[PDB]
Amino acid sequence: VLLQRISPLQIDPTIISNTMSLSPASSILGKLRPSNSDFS
Amino acid sequence: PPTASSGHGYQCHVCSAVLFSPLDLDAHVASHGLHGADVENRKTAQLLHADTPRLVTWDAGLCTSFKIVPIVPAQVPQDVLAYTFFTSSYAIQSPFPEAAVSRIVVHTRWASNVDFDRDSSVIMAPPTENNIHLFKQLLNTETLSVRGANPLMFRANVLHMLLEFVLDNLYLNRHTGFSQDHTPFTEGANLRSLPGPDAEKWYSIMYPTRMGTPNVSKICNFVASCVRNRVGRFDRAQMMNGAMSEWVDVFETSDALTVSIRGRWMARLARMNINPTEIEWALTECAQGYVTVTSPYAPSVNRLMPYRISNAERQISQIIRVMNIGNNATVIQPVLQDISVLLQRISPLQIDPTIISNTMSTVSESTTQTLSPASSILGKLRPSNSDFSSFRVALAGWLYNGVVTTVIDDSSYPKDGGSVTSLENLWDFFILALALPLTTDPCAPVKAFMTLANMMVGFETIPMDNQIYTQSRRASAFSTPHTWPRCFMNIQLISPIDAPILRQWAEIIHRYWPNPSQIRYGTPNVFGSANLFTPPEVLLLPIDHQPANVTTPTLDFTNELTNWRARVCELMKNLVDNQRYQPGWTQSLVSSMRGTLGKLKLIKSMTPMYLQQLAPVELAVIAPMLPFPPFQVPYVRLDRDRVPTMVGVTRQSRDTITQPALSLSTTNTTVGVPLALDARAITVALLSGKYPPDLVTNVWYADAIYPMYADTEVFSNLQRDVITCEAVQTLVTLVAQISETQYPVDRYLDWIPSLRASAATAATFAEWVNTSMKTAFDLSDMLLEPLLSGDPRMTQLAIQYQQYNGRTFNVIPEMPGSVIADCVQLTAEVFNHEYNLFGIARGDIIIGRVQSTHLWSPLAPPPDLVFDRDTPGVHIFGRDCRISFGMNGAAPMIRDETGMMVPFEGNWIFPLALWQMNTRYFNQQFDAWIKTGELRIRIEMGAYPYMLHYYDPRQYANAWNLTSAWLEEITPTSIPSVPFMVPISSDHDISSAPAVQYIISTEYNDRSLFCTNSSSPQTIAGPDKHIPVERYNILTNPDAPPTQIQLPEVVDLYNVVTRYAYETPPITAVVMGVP
Amino acid sequence: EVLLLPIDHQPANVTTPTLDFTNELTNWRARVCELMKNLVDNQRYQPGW
Amino acid sequence: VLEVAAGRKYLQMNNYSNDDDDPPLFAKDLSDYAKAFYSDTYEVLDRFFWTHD
Ligand SMILES: [Zn+2]
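Same order as they appear, the protein sequences are chains D, F, R and U.
Its first residue numbered 1, the first sequence is counted upward by one per residue in the working numbering.
Its first residue numbered 10001, the second sequence is counted upward by one per residue in the working numbering.
Its first residue numbered 20001, the third sequence is counted upward by one per residue in the working numbering.
Its first residue numbered 30001, the fourth sequence is counted upward by one per residue in the working numbering.
Each hint should be verified, as a subset may be incorrect.
[What the hints assert, rightly or not] Going by beta-carbon spacing under 10 Å, a handful of chain R positions derived as facing chain F:
hint: 1; residue: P20006
hint: 2; residue: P20011
hint: 3; residue: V20014
hint: 4; residue: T20015
hint: 5; residue: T20016
hint: 6; residue: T20018
hint: 7; residue: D20020
hint: 8; residue: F20021
hint: 9; residue: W20028
hint: 10; residue: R20029
hint: 11; residue: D20041
hint: 12; residue: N20042
hint: 13; residue: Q20043
hint: 14; residue: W20049
[Stated by the list, open to error] Straight-line alpha carbon distances no greater than 20 Å define the calculated SDA-like cross-link-like pairs of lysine to any residue that follow:
hint: 15; chain 1: R; residue 1: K20037; chain 2: F; residue 2: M10646
hint: 16; chain 1: U; residue 1: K30009; chain 2: F; residue 2: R10511
hint: 17; chain 1: U; residue 1: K30035; chain 2: F; residue 2: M10646
Note that these hints are calculated values from the structure, not bench results.
In this text, a Cβ means the ideal position worked out from N, Cα and C, and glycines have one as well.
My request is simple: use the sequences and hints to build the entire structure.
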């Protein structure tokens, strides 16, 4: 938590979705599940 | 489908009956009348139709951006001059603000009466107010103060401001009208009358040299030294009798900067201009003689219709479009859909699947027999005109094999095997063998060969490459060039002793498969060449094409697509021949199969003749009017070495690699999506085909092709392409100013501070540029967003495909110029000299007390008050600044940059960042010594916004209350404006009083000062400045020609401007077609 | 006075290109993607598609 | 620029079955193996092949 609070880095999974836009694209989208936001 | 109806509706209401359902009701009444938003949606709408921008917009007000505002009112009622001297007493209205202190400010389009505003504007209050908010818009999102700005973003904010200043001035100077001067003020001049409610107030602003000259006041001193005969209109082109002369040249108030910008804009528009003759030639050549259009033959009235563009712009637009389409299959399918729709509307062919039934009902076969080839193929084929759109989608996919690849669905294959003893599988083989040559899939021949190979396993045998892709492997899985078996490329491994029929089928595929061709659509005179890999104006085709000889077509069996069917039927005849492959069949069944095959090989169908003679003509007539131009790659017939294995586009460099030809191999993204089709439907459409009773193709196309060429909408897409290229170039040229890019850009604003931009900073700045260019031009859809999802400071465009050989073909389109980037660079080059007029000052400031009765201006201080680095007795700080408290009376000390420690007195030099990082520890230690002590500091900044405070010289004034609220508000993120105290000018002598200055400049920043005491004879106390004659060169220098401009260092505020009266009608109002 | 790290470290600056295959982790991502590409290229390992 | 379709320098019989001792025909035995573009000047021909694949 201390590193998370003093670091400049921000982690938003929306970059993956914006870059993506059996459909391998949708497959990896569903397998990464960017909507989850726990990066502990 | 086979829908039914159920229950609800019952109202016949023509004969009062009640039905079983509302659908039955609808069919019943019809019989009566007859007898008796995701981003994918955004991209799809984008492809189908974009948003045309607003290129031509007119302006009827005087073309200027710099105005003069009075800052201090004149002392008109005074006790040295009687009030009868001044012109104000007589209500004479002068061209200049009659005040004690004037000054130039910047208010874009303040005197303008536009047709369509562009929403961009650089409005500046006078310097006495606060203009800090013009420099805290883009990246200054965490400055707590309201009147505070971050100094490390002045360059980005100024770049955005200059882009706004250019976008606000993309107008055409409009011609209004004139009248003659009935007064003796001018020798009968023609004076422009601009529209508006209050127009009387403009004839004294536009024409400075009409005013009388009764006084020796400064305004009259100026006006009495100007030239007499440069006023109003002095040239015109009157080409028609009483028809509003085309253009004029007029002397009037306007500044060279916006005049040059609008001149560049008009010179860019004049290059795209096409005339009705060229338009009708292009349309006739596109329609290929089926549609005629007429233009007039008289002296014109100077239309203006910018629609012509180079080929580089169209190629770049096509690259961006493919970049959007890549790997979706729902963004591209609607294009194929509506192409098939208009093919249905235009084509004369008509698929009636009763030919198959009428030809199969005449087959002679017994009844005491458990098999029937006729019934078998009728069941396998199912002739029904429900969905023959598969045929049209296949025909439309020929225009797109770089992105779309039509492939036969695997539901058409024989369901995990299929043997030659099974009649269903035989007919399946026939259907697939006819349907495969009409797909743009490069692996169709091998899929056909291995359909037969799978279908006969255990009867014949051939050696395969490995044990995975064996002979029993599903035929639809051989879908890459790597997969083609070695025995299909070396024929002598299919030895005729063991696999005779299979070797025969292989040789038939190699020799008689259809051959490519081309048709040469379009006309690149008016339009360009959107295609990237084929030569301009060529259209590749998977089949041969030779035109027709007559317009009344009749049947013939002399074409490629019929010879293919003949060969397939001959080989199936040989296959059914032997008893080796159907040991149980009888002579009657063998003869019946022969009869069905021989009757199916010669079936009176018009579809092959159509595909040879008329289909390519229709594709070529439809292509030039498509919203998304064709994107093809070559159709390699059967060679394996040349099949394309990819096509990818790049949009940024990779490394320290400046050259796209070297950075393109490993920084591309593959593009392409396959579309499945129906072999059954394609083969039914290919077997059933007939024309109308007596069609005459010239008349048919002449009255079926008219509407799509009367609809003029492809001309409005070329303007969108222009705007796209302009936007990409402007993005490159502006990002190169704050970052370090690969292009040889010029740099003018390096003296303004700025931070160290990263990817996030560059992306944000690019977003601001994108939105600011979309606000002007009235755009709503995406533009420049395909380039923003990466690193915007290494951008580059290029496309390529690769063959199975590994030989790659690339297309690096050359970037044409952009008038908007040229004008932004011009505005920056002018800012470099005229920065004061936009509110910025250069150099740094010197904080130190100066008390004296003198009247010099702080924006132009005397020489022996500034000091710099190379001055004796100066201390430079910055690297490790440490303070040490004094003890027992000894003074405190601060650490020099060279390790020495000095007291609080003398001349110092700080970096502004060094002050900001210690804004509070330094105020408490230093402010007590600057105020009353002997300390003096030169905070070096480079660029800073300022604010002015005027005071009466004959009363005590003190600056500490202003200069303390600035020092104590300097912050590690923001600084407020720098307050200066300027004295007021006086046209008569006064008594002096002590002043106490604290802040002064180190250069000359008093450049926006226009005139001081402009109505009095003289200026006796304070900073005086007469009207700047160099600003009005062509009016005070008789030798200068009327069209001279000194651009980089003077704005010139008055010059000759040209005004147009062109007219922009629609295309169809000039080029009429003949119905 | 040493702090071991399982990766290389370089001096800091924010003005360094995103696509920089001198970086170890960026190079690793690029190499893994290249190998999976080579795996998928010829369809030698994916029958049944 | 006149365009004629070249045809069949050779001709094949029934007993010709791809033998190692049969004479090679060099693909000039079937219908369409090439097209001939005749003109009067090689400049005109070279300009023709700008808009031709
Ligand atoms: Zn009825």
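Consistency of the hints with the structure:
Here the hint on R/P20006 is broken, as its CB sits about 25 Å from the closest CB of chain F, past 10 Å. Checking R/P20011 against chain F by beta carbon gives a least distance of about 13 Å; that is not within 10 Å, so the hint is violated. This hint holds: R/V20014 has a C-beta 4 Å from the nearest C-beta of chain F, less than the 10 Å allowed. A hinted interface residue such as R/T20015 counts as satisfied when its beta carbon comes closer than 10 Å to some beta carbon of chain F; here the least separation is about 5 Å, so the hint holds.
Contact between R/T20016 and chain F, as hinted, is supported at the beta carbon level, the nearest pair being about 8 Å apart and thus within 10 Å. Hint on R/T20018 holds. Least Cβ distance to chain F is approximately 5 Å, under the 10 Å limit. The closest approach between the C-beta of R/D20020 and any C-beta of chain F is roughly 7 Å, which is under the 10 Å cut-off, so the hint is satisfied. A distance limit of 10 Å between C-beta atoms decides the matter here; for R/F20021 the minimum to chain F is near 6 Å, and the interface restraint holds.
With a cut of 10 Å, the hint placing R/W20028 at the interface with chain F is violated, because the nearest CB-to-CB distance is about 15 Å. Because the smallest distance between the Cβ of R/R20029 and any Cβ of chain F comes to about 13 Å, over 10 Å, the interface hint for this residue is violated. At a threshold of 10 Å, the smallest CB-CB gap from R/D20041 to chain F is about 8 Å, leaving the interface hint in force. Because the smallest distance between the Cβ of R/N20042 and any Cβ of chain F comes to about 4 Å, under 10 Å, the interface hint for this residue holds.
Look at R/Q20043: its Cβ gets to within about 5 Å of chain F, closer than 10 Å, so that hint holds up. The interface hint given for R/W20049 is met, as the beta carbon of that residue sits about 7 Å from the closest beta carbon of chain F, less than 10 Å. A distance of roughly 12 Å separates the Cα atoms of R/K20037 and F/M10646; the hinted pair therefore holds under the 20 Å criterion. Restraint check: the Cα-Cα separation between U/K30009 and F/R10511 comes to about 17 Å, which is no more than 20 Å; the hinted pair holds.
Note on U/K30035 and F/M10646: the hinted pairing is violated, with a Cα-Cα distance of about 30 Å set against a maximum of 20 Å.
Violated hints for the displayed structure, listed by number in ascending order: 1, 2, 9, 10, 17.
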